[PDB]
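Could you slot chain B with the ligands onto chain A? The hints should help.
Given next are the chains, with one letter for each unit.
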Amino acid sequence: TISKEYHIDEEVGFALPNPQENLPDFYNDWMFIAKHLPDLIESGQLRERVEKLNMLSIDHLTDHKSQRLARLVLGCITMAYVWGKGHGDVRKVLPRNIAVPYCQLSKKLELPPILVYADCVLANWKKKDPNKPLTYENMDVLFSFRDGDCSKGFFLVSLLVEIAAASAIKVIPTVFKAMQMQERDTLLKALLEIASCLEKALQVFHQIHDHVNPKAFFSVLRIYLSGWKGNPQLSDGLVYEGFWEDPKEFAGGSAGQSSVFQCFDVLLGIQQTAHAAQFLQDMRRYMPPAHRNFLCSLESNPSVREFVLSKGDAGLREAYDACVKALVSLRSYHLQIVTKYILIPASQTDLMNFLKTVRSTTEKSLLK
Amino acid sequence: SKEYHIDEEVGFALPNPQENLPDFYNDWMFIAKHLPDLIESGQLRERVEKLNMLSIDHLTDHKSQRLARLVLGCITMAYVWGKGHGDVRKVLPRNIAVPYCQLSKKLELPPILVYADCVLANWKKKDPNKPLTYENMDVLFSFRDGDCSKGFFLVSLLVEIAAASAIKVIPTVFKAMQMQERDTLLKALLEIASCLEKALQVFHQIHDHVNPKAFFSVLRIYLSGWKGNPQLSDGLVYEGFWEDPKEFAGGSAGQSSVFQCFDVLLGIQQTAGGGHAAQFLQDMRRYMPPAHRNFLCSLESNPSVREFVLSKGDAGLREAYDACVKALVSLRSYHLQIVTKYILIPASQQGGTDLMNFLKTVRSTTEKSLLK
Ligand code: HEM
Ligand code: HEM
Ligand SMILES: Nc1nonc1/C(=N\O)Nc1ccc(F)c(Cl)c1
Ligand SMILES: Nc1nonc1/C(=N\O)Nc1ccc(F)c(Cl)c1
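Heads up: the protein sequence lines correspond to chains A and B, in order. Read in order, the letters of the first sequence are residues 10 to 283, 287 to 360, 382 to 401 in the authors' numbering. Read in order, the letters of the second sequence are residues 12 to 361, 380 to 401 in the authors' numbering.
Here chain A stands alone, though its shape is the one from the complex:
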């Protein structure tokens, strides 16, 4: 009834639980820049401060939490440096003294050297009062890009949806051991509890409107999350000075990098990685290694869908269809969020096709 060392916490699931906040003193030269990105980009001195930097060693980042915090600090500094004010004064070469420890640390954690969902959502937060529970008022992100980027809202809302699904993930072992022992009654309870938590997760998703402005997102934040895989601004990729001879390409942030949704697609026999199936497959590369491992474990198990269909059991079939419907709801609301935050401010098509097909693949998986 538990998962091993997939780094899946009981309460926060795929999130890094109570992330680190400060680095060892050695790195105060790094942490400074990260703690003041909005103010350094305005003054136009971010890049100078980056380029006047010593090549620090990663070795004093001893444990996992600090290694991550550092990965976030560096990741943000990188985004900021590459996009600048985010008007077009890009850079195509990342400075030696930052590029080196970033790629070192990245290949140490088996993650790509670019800011990802695992960094700016999953490891970018804290409680205000540690004795109070997890909720937007009691919570705050550690780093931001610009003032009025609404990044506190964007990151936390996302995080809170992840944590909502966390209380459904801890059920999965119960599901499989129920399929084994044949304890039909349990299995039903488990499936129902999962769908409950996913409907919850939608209710949490509603908060996005309250804390993220459409223009603030599309115009400001979106820019700093952009990568260099197929990006015309850096059509060859980015040169990582002192680590790679040639440019390299890496995808910007997406919540395709959230293990939550892929996890439940897998669990429920929703065959989405078998084009989109390609994107979604690639996005795993940007998930923390243990989480990739976890999704993997799920695929190497017996199909819950098969099990339910064999049993000719109305109760089950509903319970299963309940979960599939919860996902269908989540993706459908998602499309509305994209309409509001990308599609409309883009005004003053291919992307909608992508999301619509994924949802559709989810809806086909119903038993009806």
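Among these hints, one or two may not hold up.
The following label-pair restraints were derived from C-beta to C-beta distances [as the list claims (entries may be wrong)]:
id, chain 1, residue 1, chain 2, residue 2, range
1, B, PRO182, A, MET190, 21 to 31 Å
2, A, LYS101, B, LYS401, 32 to 42 Å
3, A, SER344, B, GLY324, 52 to 62 Å
4, A, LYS323, B, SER393, 48 to 58 Å
5, A, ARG193, B, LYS198, 45 to 55 Å
6, B, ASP34, A, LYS323, 47 to 57 Å
7, B, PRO182, A, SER244, 19 to 29 Å
8, A, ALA264, B, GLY239, 21 to 31 Å
Taking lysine to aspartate or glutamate pairs in the EDC-like style, the calculated list, with each CA pair at most 16 Å apart, reads [claimed, not checked]:
id, chain 1, residue 1, chain 2, residue 2
9, A, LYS117, B, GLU318
10, B, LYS116, A, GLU318
11, B, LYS44, B, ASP156
12, B, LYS117, A, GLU318
13, A, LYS116, B, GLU318
14, B, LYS74, B, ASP156
15, A, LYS13, B, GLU311
16, A, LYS44, A, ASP34
17, B, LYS94, B, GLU51
18, A, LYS323, A, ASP149
The hints are simulated quantities; they were obtained by calculation from the structure and are not laboratory data. Where a beta carbon is used, it is the ideal one built from N, C-alpha and C, also for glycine.
Just chain B with the ligands now, kept in the frame of chain A:
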């Protein structure tokens, strides 16, 4: 190992594969058992059309499902490439396309001939009481006469089986890391590297039984897929199973779980990084049998042997670990020579530079993992 379908003696190979299908399918088997003669006469493509959408349901157990997947897979290649002179068909007939895709999605494999089919499930012993060697062994199917396919497939198979006796050690390695039996672990690593050096010695046989021209000109053509292939630039239409064309990669020994297995075990980070090699090797898993994908998965979800060895500051262990990494480096380095002989040189009398960079980078990634 549980039900990863990894046999003790033949590893990833399908052990003692089926040879005949139920009588219902004698209309398939026929074509498969005579592909060389039907392509010559130019009647293969007729015989394929004049065919009746049979049902897959009489293929009850795994071994028969696989034999059928091979029969169909070969028939498909043969039909698509024809005489292999450059007339290619772009629509696979309904009465074969349907049961092929049915069976393929039943075994969770792509509907195209793959290493798992034409190497791992395409053989038999001549005398069942005699051991596994080229003289006592034979493939079940072939494409043309003088394609040297018996040699190509069996040599490959025999290398797989050589690495099989190293795979059965892996559980010993991990349970040694746990119980902290340093001595056990050393023995295990050494035994692994031994079996991989063996596997190279077996690889040597390729020169004896495969002709370079017979391979590059004949056999290579029938193993080609339609992923990024200009001949079928959109992919292939599977009549009665898919609206649009679909793309699928041709046979590669990138589809051998052996090498990816040991890369994983030894902390050799190939399927990570930006480039085309990591992505290719990651894709190729899709073309491995499902239980073998599952197995590679397990290995990644274990503690890193590399880490464990580096922590210990132990000369013996390092040497044992480096032994294995060296064995792989050797295998890949010989591999490059085989490519030079069989693709690179005959390609000369009729680009592949980019192609050699690929293999060279993979090997190089293997050589960097060395400790000393
Ligand atoms: C304004 C906020 C958001 C925008 C503009 C947005 C936009 C998009 C876009 C464009 C894609 C597909 C292409 C790409 O990622 O580049 C996508 C996919 C996805 N988004 Fe979002 N998204 C937002 C918020 C969220 C949130 C809060 C979640 C979950 C908590 C989420 C989950 C996903 C998932 C899981 C996918 C992959 C497709 C799928 O799983 O069905 N997104 N989103
Ligand atoms: C003898 C003729 C062979 C030729 C012409 C050949 C050619 C090639 C080519 C062209 C590739 C790159 C794949 C692509 O981009 O299409 C490749 C990869 C590979 N080949 Fe071969 N190969 C041969 C035999 C073997 C054998 C016998 C083995 C092992 C038993 C082997 C193991 C591999 C592996 C493992 C890869 C993936 C790269 C790697 O893991 O290092 N090959 N081969
Ligand atoms: N992709 C995206 N591009 O912009 N927002 C999204 C989105 N879902 O797709 N997810 C996403 C949501 C919040 C985030 F902070 C990040 Cl880094 C990624
Ligand atoms: N790739 C390849 N394309 O042709 N031969 C190879 C090769 N290694 O790369 N291995 C391989 C060896 C024997 C085979 F039958 C097949 Cl289908 C693939």
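Consistency of the hints with the structure:
1. B/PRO182 x A/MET190: 21 to 31 Å: Holds - the Cβ-Cβ distance for B/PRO182 and A/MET190, about 26 Å, lies within 21 to 31 Å.
2. A/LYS101 x B/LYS401: 32 to 42 Å: holds (38 Å)
3. A/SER344 x B/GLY324: 52 to 62 Å: The hint (52 to 62 Å, Cβ to Cβ) holds, given that A/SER344 and B/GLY324 are roughly 57 Å apart.
4. A/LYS323 x B/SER393: 48 to 58 Å: holds (53 Å)
5. A/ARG193 x B/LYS198: 45 to 55 Å: Holds, at about 48 Å.
6. B/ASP34 x A/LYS323: 47 to 57 Å: violated (35 Å)
7. B/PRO182 x A/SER244: 19 to 29 Å: violated (48 Å)
8. A/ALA264 x B/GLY239: 21 to 31 Å: holds (30 Å)
9. A/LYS117 x B/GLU318: holds (11 Å)
10. B/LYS116 x A/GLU318: Holds - the C-alpha atoms of A/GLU318 and B/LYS116 are around 14 Å apart, at most 16 Å.
11. B/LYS44 x B/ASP156: Holds, at about 13 Å.
12. B/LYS117 x A/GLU318: This hinted pair holds, its Cα atoms lying about 13 Å apart.
13. A/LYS116 x B/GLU318: The given pair, whose Cα atoms are some 14 Å apart, holds under the 16 Å limit.
14. B/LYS74 x B/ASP156: Violated, because 27 Å separates the two Cα atoms, which is more than 16 Å.
15. A/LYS13 x B/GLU311: holds (14 Å)
16. A/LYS44 x A/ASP34: holds (14 Å)
17. B/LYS94 x B/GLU51: holds (7 Å)
18. A/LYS323 x A/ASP149: The hint is violated at about 47 Å.
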